[PDB]
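Now for the letters of each chain:
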Amino acid sequence: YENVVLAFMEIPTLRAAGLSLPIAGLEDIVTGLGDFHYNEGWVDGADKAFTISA
Amino acid sequence: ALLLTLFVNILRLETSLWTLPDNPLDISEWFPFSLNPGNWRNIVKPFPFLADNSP
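Protein chains in written order, with PDB author numbering: chain Oa, 438 to 491; chain Oc, 165 to 219.
Okay, chain Oa solo, but in the shape it has when bound:
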């Protein structure tokens, strides 16, 4: 039972579909990465930040 319950989180994003970005020409045009993209990235856990706020 230890580290089974509430031990992991996945947080999604709008990056694939589209967003405005703080880059010249992208501030008012919705653009996304495309259907082909990198899927996941591990947030580093050595200081336990995810237990204060994920």
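Simulated from the structure, these hints should not be mistaken for lab results.
With the Cβ distance kept under 10 Å, some of the chain Oc side facing chain Oa (calculated, not the full set):
#, residue
1, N173
2, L177
3, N203
4, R205
5, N206
If you anchor each label on the Cβ, the simulated ranges turn out as follows:
#, chain 1, residue 1, chain 2, residue 2, range
6, Oa, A461, Oc, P212, 51 to 57 Å
7, Oa, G462, Oc, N187, 47 to 53 Å
8, Oc, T183, Oa, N476, 22 to 28 Å
From chain Oc, some residues computed to sit far from chain Oa (all C-beta separations above 12 Å):
#, residue
9, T169
10, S180
11, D190
12, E193
13, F197
14, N200
15, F211
16, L214
17, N217
18, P219
Ideal placement from N, C-alpha and C gives every residue a C-beta, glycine not left out.
We have chain Oa already, so just place chain Oc on it with the hints.
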């Protein structure tokens, strides 16, 4: 073992609701209108299990 471990995480990333067969990497299980892979970014190449001679 590696291709199934990859495939199970591809199913997760394409958010599939498909029930696993007894062997998920047998192509005979993927059709008709079963796996519905037509929109996917990534897939595993299926193969017959009795021919796999890897250690």
